[PDB]
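Fit chain B to the given chain A structure using the hints.
Number of protein chains: 2
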Amino acid sequence: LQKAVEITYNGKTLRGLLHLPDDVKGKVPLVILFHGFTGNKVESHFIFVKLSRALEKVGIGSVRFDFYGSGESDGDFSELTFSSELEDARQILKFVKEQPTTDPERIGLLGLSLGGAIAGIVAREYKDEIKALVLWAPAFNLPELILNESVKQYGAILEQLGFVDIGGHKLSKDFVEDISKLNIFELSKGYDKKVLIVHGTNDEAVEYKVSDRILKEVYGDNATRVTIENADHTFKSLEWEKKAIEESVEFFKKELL
Amino acid sequence: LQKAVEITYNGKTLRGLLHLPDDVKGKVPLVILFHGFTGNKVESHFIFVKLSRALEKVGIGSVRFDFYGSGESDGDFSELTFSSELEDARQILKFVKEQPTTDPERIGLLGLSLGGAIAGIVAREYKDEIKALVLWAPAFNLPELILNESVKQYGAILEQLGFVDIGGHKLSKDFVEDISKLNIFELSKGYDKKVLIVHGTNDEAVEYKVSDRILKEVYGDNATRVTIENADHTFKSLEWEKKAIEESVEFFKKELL
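Here the protein sequences come in this chain order: A and B. With the first letter of the first sequence counted as 1, position 128 gets the number 128 in the deposited numbering; the numbers rise by one all the way through. With the first letter of the second sequence counted as 1, position 35 gets the number 35 in the deposited numbering; the numbers rise by one all the way through.
Extracted from the complex, chain A is given alone in its bound form:
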């Protein structure tokens, strides 16, 4: 079952999609998916919708929302910041628990790159409430990346212009300053339930070595990594995409149930 949902907090309205398995009723496990930098709820080559529909086939619900300033939700990219989506994420988890079909003891999280950073942080905020977590190409090094991409380049423009054109989006200078005082590695530490990392070897957005850091620094032996050899950032292949979703569904099927 697929139908669109709406969230409104403050003066912000969020738009998204909720999935529920048709053949089983009562209270069902749920995974909340967080999208990445400049992405949206469908995500790259529809990998989120695909993963959503694969989950309802194994009796597992899901919700996919558009972060404020991106996609179908309200706002401009300029009034968006990392901590903004952090507030958005909390409202989505709240909304999900307030569903009669939602099982409170079985809730998981999934995030892709920037969404992965948000997912690992929100997982620690609700360490008891989130039973399992999956990180696709987790961009825990987004802070250094933005800072090192703001001094080698864009630095003069951002101050002069107030923003910079990343590619049809207005990257505000507020965004650079807000993520400057955030450390994803130290902010995701403290999650103790099972963790699954999916990373591509030939990832040029978030180099594969980041997952090594996340495995050594952030989580203990409660986190495993599924390495997809030769894959790119978003697993842009029918083969790569299959492995990423299948291992994610298997992982959610075991740890969530």
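One thing to keep in mind: the hints can contain errors.
As the list makes no split between identical chains, a pair holds if one copy fits it or if it spans any two.
Cross-link-like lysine-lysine pairs, in silico, DSS-like; alpha carbons within 27 Å at most [stated by the list, open to error]:
no., residue 1, residue 2
1, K57, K152
2, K25, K170
3, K25, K189
4, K3, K170
5, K236, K173
6, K12, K242
7, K127, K27
8, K3, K94
9, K173, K50
10, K12, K25
Derived from the structure by calculation, the hints contain no laboratory data.
Same frame as chain A, but now just chain B:
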């Protein structure tokens, strides 16, 4: 205002968004927006939402649906054909006509790339029903590209596997045979109302010189072409984005109203 909508025909469910102007009330001009190959209703860097929300400021509503097998709508890319999305387009136009806020006389059409080819065909299909037509980098030569792409590498793969991986999607073999019998130039010929063409000088998906072909072989005095100097396919820049959306809404508001 923006609300999610749904169309269900022939066992297929289409999901989308309907934009309605808050200021004006009663009956209001609508602009149907068709997205491109491997895209979705939000389109690249959210240009469709931007165009939609910029449209409602003029008091001009719009409807943005995901084609069947794409984005939020049902089905996989494997069951998608050009004629498949032509059928979807007809269903979307019937949907807009059925809405009480909608005014039948002033419906408009917009399409990007393959969506523009869809829009050009549908505009001629309902010549008297569609008041104006806007085309963003219209891929009228899409059948030629796919044909030439198939002989270079797709066809050998498609013959055996039944499909080809075009980057996380399954391109049907029927899709190639389906589009081979199609000539968008002649199919879009015969529209007798005002047409606007927005094309990029540095467009690499759909060459700039095919916009020359459309103005000559497809239309006459009613056709107009805005040239975005040095722009790429989707106007992936805030300066290029402004020119395309600003000029197109002025074309819409003038001839629709």
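> Checked against the structure, which of the hints given earlier come out wrong?
Replying inline: 1, 2 and 3
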